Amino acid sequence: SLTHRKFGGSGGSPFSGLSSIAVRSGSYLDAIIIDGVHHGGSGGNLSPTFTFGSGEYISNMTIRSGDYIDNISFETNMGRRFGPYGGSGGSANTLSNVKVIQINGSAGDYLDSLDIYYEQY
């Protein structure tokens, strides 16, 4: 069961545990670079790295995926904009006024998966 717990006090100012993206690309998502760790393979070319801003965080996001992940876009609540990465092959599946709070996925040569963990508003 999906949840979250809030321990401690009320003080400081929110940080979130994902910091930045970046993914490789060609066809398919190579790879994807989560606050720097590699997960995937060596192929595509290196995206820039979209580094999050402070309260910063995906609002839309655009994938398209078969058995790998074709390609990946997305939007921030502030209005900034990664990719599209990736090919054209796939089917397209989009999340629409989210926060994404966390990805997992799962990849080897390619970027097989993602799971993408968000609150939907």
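What I would like now is the form deposited in another entry, since the data block earlier showed the form deposited in one PDB entry; can you produce it?
There are no partners or other molecules in what follows, just the one chain.
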């Protein structure tokens, strides 16, 4: 059962473990790069890195996928945009009015799949 629990006090500035994202892309997502950790292969070209602010999170996202992840775009709650990066294959699926918590997946020479954990609002 998926859940969360908070320990500690009320001080400080919020942070997420998911602190930055970049991709390598061409026709597909060759790689997704999460906090600088690379998942996938070395093809395509490297995107800029998106670094989240305190309290900033992915609120909406569009993922195109087939056998692999074709394309990623997202928007944050601060209205900032990442992508689209990738190609035009697959079909699109969207998350709307969410808070993304984690990005897991599977990768080889490319990014095969994503398993996105999020809160739905």
